[PDB]
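What follows is one chain in structure tokens, specifically the form deposited without ligand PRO.
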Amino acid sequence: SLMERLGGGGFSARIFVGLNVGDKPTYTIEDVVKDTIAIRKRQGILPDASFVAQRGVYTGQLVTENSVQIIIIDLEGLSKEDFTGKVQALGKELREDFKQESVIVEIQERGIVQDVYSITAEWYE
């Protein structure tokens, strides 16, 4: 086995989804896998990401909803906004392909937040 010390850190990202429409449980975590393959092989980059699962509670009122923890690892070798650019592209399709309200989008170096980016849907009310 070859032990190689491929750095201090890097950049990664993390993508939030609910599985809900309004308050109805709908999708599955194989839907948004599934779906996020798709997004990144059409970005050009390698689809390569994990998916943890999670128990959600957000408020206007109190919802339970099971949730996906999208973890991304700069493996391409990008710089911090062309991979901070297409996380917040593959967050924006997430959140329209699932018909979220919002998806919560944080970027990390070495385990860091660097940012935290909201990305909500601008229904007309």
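So that the term is clear: the rigid core is the largest set of C-alpha atoms that superpose within 1.5 Å between two forms. Residue numbers count along the first chain shown, from 1. Compared with the form deposited with ligand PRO bound:
- Core-aligned CA deviation for residue 9 between the two forms: 2 Å or greater.
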The other form holds:
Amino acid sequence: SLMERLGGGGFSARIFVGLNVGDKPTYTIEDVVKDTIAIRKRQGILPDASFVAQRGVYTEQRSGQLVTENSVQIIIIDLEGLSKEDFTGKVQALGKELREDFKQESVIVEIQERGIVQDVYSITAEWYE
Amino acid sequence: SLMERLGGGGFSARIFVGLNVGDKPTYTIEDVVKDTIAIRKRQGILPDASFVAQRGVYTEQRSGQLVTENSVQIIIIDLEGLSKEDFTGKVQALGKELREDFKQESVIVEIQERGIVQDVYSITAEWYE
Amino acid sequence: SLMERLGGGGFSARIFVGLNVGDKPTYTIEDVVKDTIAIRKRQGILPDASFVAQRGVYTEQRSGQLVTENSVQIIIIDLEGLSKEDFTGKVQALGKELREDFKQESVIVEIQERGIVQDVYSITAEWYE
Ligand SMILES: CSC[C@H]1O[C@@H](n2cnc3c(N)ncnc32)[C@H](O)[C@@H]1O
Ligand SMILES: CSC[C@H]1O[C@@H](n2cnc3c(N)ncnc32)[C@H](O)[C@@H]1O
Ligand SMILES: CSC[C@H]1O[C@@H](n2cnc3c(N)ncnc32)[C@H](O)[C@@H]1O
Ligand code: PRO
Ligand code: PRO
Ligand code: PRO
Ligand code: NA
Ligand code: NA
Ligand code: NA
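Now show me the form deposited with ligand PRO bound; what you just gave was the form deposited without ligand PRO.
Then the entire complex follows, led off by the chain already shown.
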């Protein structure tokens, strides 16, 4: 076998997406898998990724209610040697669309470069209050 | 949606907790979820976190017996902008209490700052020998 | 309990192994657990590790077919204080043998030092074309 060392700036990302809508279990990990593939194909990027099922705990920002839910951690290692701005923008857009598609209050996105965190973002719904 | 960049020093942690007591499967991931919420509430900290079910392999330190068990990886991203000492102390205390509550020989705690590991600790029972 | 800080250079690794052979679901996480234990014992190293079940998406390199499969993320924290070359070589050998044993096109290996990525490798089959 060939031991090929990966090219580029060493970008990776983690995205956390919950599967409850408020206190109601609603979605599944496979829904997130399929939606992520579809979004990434429309970006023209290789969709390759890992999806980890989790239990998650989140405090709702408006009401303060604590929710325990199923959630998904998406792990993306860049295998295409994208620029920092290109990778970051595509991951941000993916997180923003996942938030809408799963009707979520918040999606967390972490961007790394050689494992060093460049940015942690909370993508937060602007539902009118 | 708002793309809010997270504040503070960028602290996060990972805690590994097994669910066997010796060679006996005993606990579940939901037990760890509930106990973690309870401990973190008593610390006055937001309990928000992710919990990953795993299979784990561990060599018992006294007997050398190899155990294969279910285990839990707790992933904590600090969203409250705590100081390094405050975050580290609260995570250490959480790990120490989880070790007791689940009757474990060892719990592993990793503390990161912007993804860079600051400390890896093995929290080890002092059972008399 | 004792809060023991871990010794050595702070090495860790992640290995991603799929469980499909082409488009056919074939293997299970427990198969990977058992095979990893066996390989690491023959290396003379402590086998201790974590194994995370995942859904994975991979683009086959020859045909371009997109596969969705079950997969495993192996997480290894070095608890024995190995040298960089010793740890790296043993993890590389483990990944290469897992690729063969599970008839895989590609296995991904990431090596970290204090969380900073030193190398990401794709271990790729050299099947004749
Ligand atoms: C943002 S809410 C969606 C999911 O993100 C994860 N999550 C939320 N807050 C945190 C946090 N501070 N640390 C780790 N994971 C979190 C949990 O898995 C949750 O189900
Ligand atoms: C400390 S024993 C509890 C759990 O920690 C994890 N674990 C133990 N040792 C290691 C190691 N060296 N690397 C990664 N995970 C480990 C395994 O999931 C185990 O079930
Ligand atoms: C290498 S194919 C084996 C497994 O590796 C993981 N994988 C493949 N490519 C990527 C990638 N670019 N980022 C993250 N995980 C990936 C997926 O879980 C897959 O099932
Ligand atoms: O967005 C929601 O409504 C729930 C709570 C956190 C993520 N899932
Ligand atoms: O502590 C115990 O007894 C088992 C072995 C490792 C963690 N769970
Ligand atoms: O190697 C294979 O055939 C499948 C596709 C990626 C990993 N598992
Ligand atoms: Na890939
Ligand atoms: Na949160
Ligand atoms: Na161990």
